[PDB]
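Chemist: Starting from the given sequences, assemble the full structure and let the hints guide the process.
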Amino acid sequence: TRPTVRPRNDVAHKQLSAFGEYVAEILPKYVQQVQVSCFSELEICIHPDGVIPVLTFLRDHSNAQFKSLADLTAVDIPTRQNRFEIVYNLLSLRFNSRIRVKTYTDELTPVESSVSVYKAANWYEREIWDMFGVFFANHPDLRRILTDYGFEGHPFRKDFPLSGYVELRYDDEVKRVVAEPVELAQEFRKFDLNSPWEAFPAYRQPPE
Amino acid sequence: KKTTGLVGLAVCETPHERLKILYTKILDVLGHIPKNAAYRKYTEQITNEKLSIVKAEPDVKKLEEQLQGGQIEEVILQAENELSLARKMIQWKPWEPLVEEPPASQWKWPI
Amino acid sequence: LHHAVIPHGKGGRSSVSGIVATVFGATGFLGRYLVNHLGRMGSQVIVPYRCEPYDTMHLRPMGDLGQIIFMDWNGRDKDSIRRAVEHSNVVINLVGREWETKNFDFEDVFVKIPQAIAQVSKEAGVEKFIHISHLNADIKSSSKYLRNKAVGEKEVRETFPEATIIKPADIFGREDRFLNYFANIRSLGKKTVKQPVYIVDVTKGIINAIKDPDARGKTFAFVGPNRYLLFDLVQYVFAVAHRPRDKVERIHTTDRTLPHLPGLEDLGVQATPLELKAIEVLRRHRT
Amino acid sequence: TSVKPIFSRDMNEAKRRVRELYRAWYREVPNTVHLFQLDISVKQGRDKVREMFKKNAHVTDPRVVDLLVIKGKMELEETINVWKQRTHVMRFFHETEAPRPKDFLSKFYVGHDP
Amino acid sequence: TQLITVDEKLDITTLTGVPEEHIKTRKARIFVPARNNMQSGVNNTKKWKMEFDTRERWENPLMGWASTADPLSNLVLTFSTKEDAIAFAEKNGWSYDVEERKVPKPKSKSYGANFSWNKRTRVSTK
Amino acid sequence: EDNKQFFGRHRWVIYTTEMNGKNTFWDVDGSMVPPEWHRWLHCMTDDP
Amino acid sequence: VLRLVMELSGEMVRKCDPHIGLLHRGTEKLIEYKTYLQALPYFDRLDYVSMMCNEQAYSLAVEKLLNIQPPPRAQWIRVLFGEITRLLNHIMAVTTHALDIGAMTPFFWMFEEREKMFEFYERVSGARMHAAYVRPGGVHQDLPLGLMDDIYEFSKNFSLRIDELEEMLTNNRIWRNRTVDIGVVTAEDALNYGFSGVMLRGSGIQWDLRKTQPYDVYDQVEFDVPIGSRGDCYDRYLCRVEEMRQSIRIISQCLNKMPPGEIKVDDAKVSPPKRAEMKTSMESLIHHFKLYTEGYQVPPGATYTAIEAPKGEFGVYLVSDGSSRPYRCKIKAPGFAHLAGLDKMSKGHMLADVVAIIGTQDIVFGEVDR
Amino acid sequence: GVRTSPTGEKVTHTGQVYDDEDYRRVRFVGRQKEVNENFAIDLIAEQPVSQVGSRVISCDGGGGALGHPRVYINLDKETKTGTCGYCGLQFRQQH
Amino acid sequence: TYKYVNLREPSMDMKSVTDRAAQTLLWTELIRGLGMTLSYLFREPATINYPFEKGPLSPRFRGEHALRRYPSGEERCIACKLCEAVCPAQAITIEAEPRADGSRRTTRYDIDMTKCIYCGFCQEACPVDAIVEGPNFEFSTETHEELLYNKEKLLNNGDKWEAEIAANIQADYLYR
Amino acid sequence: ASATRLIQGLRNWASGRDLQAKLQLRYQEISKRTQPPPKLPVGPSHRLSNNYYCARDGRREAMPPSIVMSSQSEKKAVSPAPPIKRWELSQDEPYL
Ligand SMILES: NC(=O)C1=CN([C@@H]2O[C@H](COP(=O)(O)OP(=O)(O)OC[C@H]3O[C@@H](n4cnc5c(N)ncnc54)[C@H](OP(=O)(O)O)[C@@H]3O)[C@@H](O)[C@H]2O)C=CC1
Ligand code: SF4
Ligand code: SF4
Ligand SMILES: [Zn+2]
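Protein chains in written order, with the deposited numbering: chain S3, 7 to 214; chain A5, 5 to 115; chain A9, 1 to 186, 195 to 252, 281 to 323; chain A6, 14 to 127; chain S4, 8 to 133; chain AL, 50 to 97; chain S2, 61 to 430; chain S6, 1 to 95; chain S8, 1 to 176; chain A7, 1 to 72, 89 to 112.
Hints were generated in silico from the structure; no laboratory data involved.
For every residue, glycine included, the Cβ atom is placed at its ideal position computed from N, Cα and C.
Be a bit skeptical, because a hint or two may be false.
The calculated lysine-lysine pairs, modelled on DSS-like cross-linking and capped at a C-alpha distance of 27 Å, are [to be verified]:
hint, chain 1, residue 1, chain 2, residue 2
1, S3, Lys125, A6, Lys17
2, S4, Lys53, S4, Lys133
3, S6, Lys10, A9, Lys78
4, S4, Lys56, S3, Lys196
5, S4, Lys31, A6, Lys115
6, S8, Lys115, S2, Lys350
7, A7, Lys92, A5, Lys59
8, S8, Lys3, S2, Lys317
9, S3, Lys196, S4, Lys133
10, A9, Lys313, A6, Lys56
11, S2, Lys89, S8, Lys115
12, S2, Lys94, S3, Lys108
13, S4, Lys116, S4, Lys133
Partial list, derived from the structure: chain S4 residues whose beta carbon lies under 7 Å from chain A9 [stated by the list, open to error]:
hint, residue
14, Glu63
15, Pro68
16, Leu69
17, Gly71
Modeler: Printed below as a string of structure tokens:
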């Protein structure tokens with residue numbers, strides 16, 4: 007078990023467990039999950055109303071500094087009514103630790119636009135608005151950045167397929183470039199690789 | 005001091021009493037906050053610990069090596085932002101019990 | 001007929017459409033637009049050129065991957081022409097320089113070129129051969145151009161009789177000849201009534217007639233929608249453009293309708309007027 | 014069932030914002046068709062604009078109307094700047110066929126399109 | 008903050024941007040994917056795949072490939088319950104065909120019954 | 050092949066005229082070498 | 061290649077909108093429709109100047125999720141090529157800053173040295189630039205006999221050539237006049253605007269992911285990262301050149317501390333076996349076959365990691381169904397994070413100074429897209 | 001070693017030669033249909049049928065870890081030679 | 001550990017300040033840069049005469065996409081579809097049939113040279129080393145039709161040489 | 001290199017770095033190609049009689065993440097980690 011399998015530290019696990027229990031006790035208004043994985047990186051799962059209060063707490067308080075802001079994405083999970091998952095990622099300059107603030111959200115109701123306390127979140131929020139459509143009320147400027155202007159569809163969803171619906175070509179008829187419905191030259195074959203036989207017995211969900 | 009390692013932050017000349025009136029304002033605005041929650045307990049405990057660090061030490065460099073938050077003026081700025089959360093958390097009632105639940109088949113991952 | 005000539009699915013960008021078209025010419029104006037609309041249809045075009053490959057290079061990427069194909073032809077041998085028309089569904093004949101050269105007159109391009117290609121075509125077994133002609137090309141006077149075209153008309157009518165002999169009026173567009181000469185002026197003023205027809209309705213009519221069978225044998229003529237004076241049209245050109281011998285005789289010669297032969301209405305295509313497309317194309321004036 | 018809408022209370026503010034947005038598109042069209050050196054009469058462009066408005070008149074849900082207003086405002090900004098080129102503006106139009114009608118027999122000749 | 012909310016339906020098909028030809032013409036199918044019969048393992052069960060029906064795939068006339076004018080041809084959406092499947096299909100607009108789940112039927116077999124005395128269940132080989 | 054130059058100027062080919070017949074005195078292409086000399090010339094070895 | 065719409069009071073500025081997204085390619089979507097082993101080169105080429113640290117971060121992401129430690133020789137070889145990649149990206153950033161600021165010739169001097177380094181990549185794998193070569197499960201197909209002495213030769217000659225680069229520039233008078241007064245960064249700005257790596261080195265706070273959280277055997281080599289004092293662009297230039305010189309140090313100690321363990325992991329259900337057992341086994345042929353068709357299954361969960369790309373915090377965030385396909389990958393890009401604060405970095409300067417600001421934060425404009 | 005169909009061109013080692021009614025013949029105009037002129041089935045009779053004195057014998061392919069993997073084939077068919085599915089070369093038994 | 005920069009002061013001593021004034025008013029280190037650049041002028045430049053001298057390489061370059069075959073034998077490929085299963089732009093296209101003999105073989109083995117990113121995964125995935133990344137890299141093709149290889153083109157390209165491919169593999173069949 | 005002594009002296013006078021010694025034109029220490037064929041080692045597995053895969057099953061050691069407070089007089093307020101000690105100037109020629 008020891009060679010070529012990465013060992014761990016239970017000490018960091020106990021530290022993050024006690025810290026997450028502490029944060030869960032002292033902000034009871036929005037805490038739903040505080041989960042700790044095997045390799046000690048914290049996850050805090052949050053209702054979509056305490057975005058500004060929880061981030062104003064987590065920027066400060068001298069027990070959890072966490073100035074460094076990272077990724078924002080809202081992992082598209084169907085079979086839910088609240089589809090999208092806004093994932094804040096926070097890194098502490100003072101304590102060297104990573105916490106993942108996963109707040110949940112639906113298709114049409116906005117979360118509260120974290121750019122007010124995080125100046126790094128501006129183009130992150132603009133990117134999420136362009137690729138998904140998660141609206142951000144009380145935001146300075148929402149535009150389409152990382153897509154074409156005349157293109158729409160919010161393509162990083164699961165409803166948007168791999169190929170786009172439109173496809174450009176130049177033509178000398180109207181002496182310019184026009185978009186057409188997509189005419190693929192090949193299929194993009196689909197390999198049914200989801201093999202049976204239960205490779206992980208621990209992660210079995212209870213069937214009906 | 006003389007020209008600290010940060011950039012948009014010039015050195016202060018009276019760190020001690022400025023930091024002390026900062027933390028007494030922290031105790032005042034915490035005195036605004038209601039009682040029964042433990043948020044008052046943790047903030048009061050850490051603030052009294054840090055004030056007990058600073059009251060027992062009139063030094064500078066030993067005060068930096070003992071009190072975390074190197075070097076010095078980050079503690080002052082962090083105290084300002086701690087006052088900022090204090091002012092913002094008279095309102096917004098973080099200690100009150102929960103708003104309604106998710107549909108409970110959402111935070112389980114493996115779909 | 002064999003498979004992969006039948007249509008397949010929708011249209012455009014290597015969707016396998018019906019016709020395989022051998023085109024003579026296509027380096028000029030109307031043939032280039034015709035290859036363009038067949039590429040929008042998604043039809044394989046076999047075109048031979050005689051010039052530098054740079055011209056067929058800047059009209060090359062009209063098709064999809066490897067659809068259109070380029071080869072060589074010459075105005076002398078039946079072997080290269082026959083090799084170009086070995087396997088063809090349809091074939092169109094568009095050729096002609098509007099001034100005599102050292103090695104070619106108005107005679108024997110319009111005369112000798114449809115003879116040999118119609119010979120190897122009728123010995124080859126092609127169908128829906130479309131031969132262009134200028135409108136009102138007569139046995140009458142004033143043009144070696146028009147009389148050699150009338151001789152070629154009689155040739156294509158006599159041998160291989162079920163050819164679509166087609167004629168538009170004098171067409172205008174992005175690379176017009178006579179509107180360019182209207183721009184390249186100086195002057196003189198005459199009278200002639202004239203109807204101009206825009207180029208895209210003409211080539212839409214040609215591709216619709218070549219893809220729609222049962223409309224064969226009949227010669228067609230395309231009609232301009234306005235049909236008024238030439239000098240009023242020149243005043244219109246200078247007004248919209250903001251500034252105050282063979283070609284000029286062949287525009288002053290003859291412009292009439294013929295009630296014998298059918299035109300646009302037996303095809304079902306909307307006519308674009310002179311005014312809209314003329315405002316679209318009259319760029320390149322002072323600011 | 015708690016749902017937080019964007020702007021709307023009833024469809025009155027929806028009607029108000031969409032008529033103001035259409036006024037903005039009306040005074041948006043001639044400046045752009047003069048600026049991009051386009052090739053289309055103003056009547057045809059305005060009729061295609063109001064046709065695109067009349068396409069989605071079948072929506073009564075107010076959040077959807079709010080999101081349509083926000084999308085139209087975004088593209089009105091991006092066309093009132095010079096950020097979008099000639100290609101996208103012509104791409105709104107359809108001058109390159111696309112000839113496909115909705116006849117039964119026409120789809121029966123060029124088959125397998127039910 | 009305790010705003011307007013009205014208990015109604017959803018109309019996301021005027022937002023997701025896929026054109027109305029693909030909306031009203033193409034048809035979805037929701038099914039649990041069957042066990043691929045050569046293997047005998049049902050980890051490939053327990054999911055509700057949403058698929059779209061197949062359409063034309065002609066021959067690519069230069070290489071011998073199967074091109075298609077179908078961007079939606081290679082979608083699959085593996086779900087966990089039939090209710091959320093139907094809810095998502097009605098939420099996003101297009102039509103859908105529901106096939107019902109079929110478990111393997113529980114049986115009653117035993118080795119002693121394979122070694123019967125006057126019952127005809129007899130192994131006859133071993 | 051010379052030794053006194055550096056690594057990159059050891060092994061150089063001199064093409065001849067019309068080995069296939071396309072007047073290759075001028076306009077010398079690449080890949081006009083047989084493959085064992087394509088192993089030798091690309092410095093994949095130390096022996097001819 | 062970018063679009064920049066600047067609004068300026070004359071020969072000065074007011075604001076600037078960086079229109080980026082010109083080079084958008086859909087990399088996250090394409091990885092969501094592929095497997096792990098197949099979609100590794102997308103991670104190889106989202107950034108392209110640094111080329112093996114991206115491999116290193118993705119391989120350590122998959123190994124950290126999969127709870128499998130590579131053999132130690134694989135770790136030390138990965139450290140060596142991470143130092144080669146660090147040296148290469150910093151020297152190209154210096155030379156492209158020099159070429160865009162003027163300064164024709166040191167560009168070509170250090171690119172001849174980089175031509176030696178691409179010869180080294182060729183001898184390692186075969187590719188010029190985009191050598192994949194780092195499988196999750198340790199390095200694959202190890203080095204041919206006769207490479208380490210060439211790296212030793214390059215280390216000596218390149219120490220000489222980088223000292224000659226500091227002979228040419230660096231106390232160049234007018235280049236110092238060109239880039240000293242521009243590019244001020246407050247520590248509060250360096251925190252709130254989310255900067256990564258070299259900006260944090262240059263402006264104030266001592267911060268290294270390598271030193272604080274050693275994700276590999278970096279903890280067992282003596283090196284010292286240069287820090288900045290004034291938070292300045294010339295100071296940041298000195299920081300980059302001394303990080304190159306520290307990379308020379310780490311290459312020397314890595315060549316002196318090399319254990320001859322093995323190439324890949326001895327867990328054949330993750331790394332494919334080699335040819336001898338492949339042509340005569342049964343389990344290894346089965347593992348070869350199904351491992352290249354399906355891809356190995358990866359347990360469900362969401363992980364994040366981040367290593368020190370020569371730009372900065374190259375982060376990668378994997379989200380995995382129990383599957384051979386990743387459900388959602390995402391990349392924290394130091395180029396994006398550095399481009400994020402351009403208005404506050406260039407509120408008070410002019411347009412050539414803005415071009416120097418685009419130079420002084422190392423840019424590829426592929427990785428800024430994600 | 002190629003046939004010449006009445007179309008008139010080179011046939012291949014797959015039965016894919018054209019009809020007269022095709023347009024793909026005329027898109028072959030000007031550029032030659034290059035084909036491998038060293039076929040596959042003819043290089044089976046060139047290989048001698050080896051005779052090994054054992055009964056259940058081996059096939060590797062001429063090189064350790066260079067070729068196709070090991071396969072052990074039987075020689076119980078008294079008149080039919082053993083045939084490796086990978087190699088394509090035969091074997092016999094000599095008692 | 002950290003080693004930062006730009007912590008000094010201009011020395012107020014008279015010699016150092018008049019030396020900085022001498023550099024300011026006398027253009028000194030500019031001429032020092034001129035001297036360094038003239039020292040690189042008097043070197044011999046390191047160029048290669050391209051059509052005669054070709055740049056060095058490794059025995060494991062990835063080029064031509066050639067095929068191999070058995071010693072005086074048939075086609076080395078089985079059509080086991082591993083290369084199309086691993087091909088990360090799916091440029092491989094295999095349609096397989098057995099012939100009249102009985103051994104399983106192909107019909108259509110197409111490499112798209114457009115989509116081929118040149119990984120090496122089809123080389124590493126091939127169990128019999130049928131497809132091999134070739135040695136030479138000269139395609140330079142004037143037409144887009146000609147950049148779509150057929151199986152017969154690959155067999156001709158594998159029968160224009162094996163001795164290069166065999167020499168490279170026989171040198172380096174031990175690393176991989 | 002491969003040049004006479006007067007221009008060598010002019011190179012070393014324009015840049016006193018002994019340019020003739022190491023010049024970035026490799027002549028001798030190009031790696032002598034066609035090396036002997038290597039025999040790779042196989043690491044801490046293929047070891048017979050003890051390699052139970054049941055032990056080193058790092059895929060199956062993935063625990064599900066443990067949970068604290070949910071949707072369904090305490091000596092505390094500790095930090096997530098011990099606070100980070102400030103570094104030192106390294107002796108190998110710092111500034112100053
Ligand atoms: N208003 C008008 O212009 C009208 C024109 N037409 C007819 O339409 C046709 C096309 O017109 P247009 O495009 O303007 O003129 P072009 O001269 O450009 O078209 C003729 C084409 O055939 C080629 N060609 C002509 N003569 C020779 C020759 N001797 N040898 C080889 N190739 C030759 C031309 O050049 P190349 O060799 O380089 O390919 C060109 O590709 C003409 O026949 C014209 O009479 C009919 C009605 C109205
Ligand atoms: S992996 Fe090799 S043997 Fe298998 S199909 Fe591909 S080329 Fe043929
Ligand atoms: S090298 Fe080319 S053919 Fe081989 S797997 Fe990669 S893309 Fe496919
Ligand atoms: Zn065999």
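Chemist: The structure should be examined with respect to each hint, and the outcome stated for every one.
Modeler: Now for the hints, and whether the structure bears them out:
| no. | hint | in the structure |
| --- | --- | --- |
| 1 | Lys125 (chain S3) / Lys17 (chain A6) | holds, 26 Å |
| 2 | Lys53 (chain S4) / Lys133 (chain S4) | violated, 37 Å |
| 3 | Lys10 (chain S6) / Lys78 (chain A9) | holds, 25 Å |
| 4 | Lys56 (chain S4) / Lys196 (chain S3) | holds, 14 Å |
| 5 | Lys31 (chain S4) / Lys115 (chain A6) | holds, 13 Å |
| 6 | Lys115 (chain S8) / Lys350 (chain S2) | holds, 24 Å |
| 7 | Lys92 (chain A7) / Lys59 (chain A5) | holds, 23 Å |
| 8 | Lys3 (chain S8) / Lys317 (chain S2) | holds, 24 Å |
| 9 | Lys196 (chain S3) / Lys133 (chain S4) | violated, 45 Å |
| 10 | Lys313 (chain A9) / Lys56 (chain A6) | holds, 15 Å |
| 11 | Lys89 (chain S2) / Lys115 (chain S8) | holds, 18 Å |
| 12 | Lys94 (chain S2) / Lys108 (chain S3) | holds, 25 Å |
| 13 | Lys116 (chain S4) / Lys133 (chain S4) | holds, 17 Å |
| 14 | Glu63 | holds, 5 Å |
| 15 | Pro68 | holds, 6 Å |
| 16 | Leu69 | holds, 5 Å |
| 17 | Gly71 | violated, 11 Å |
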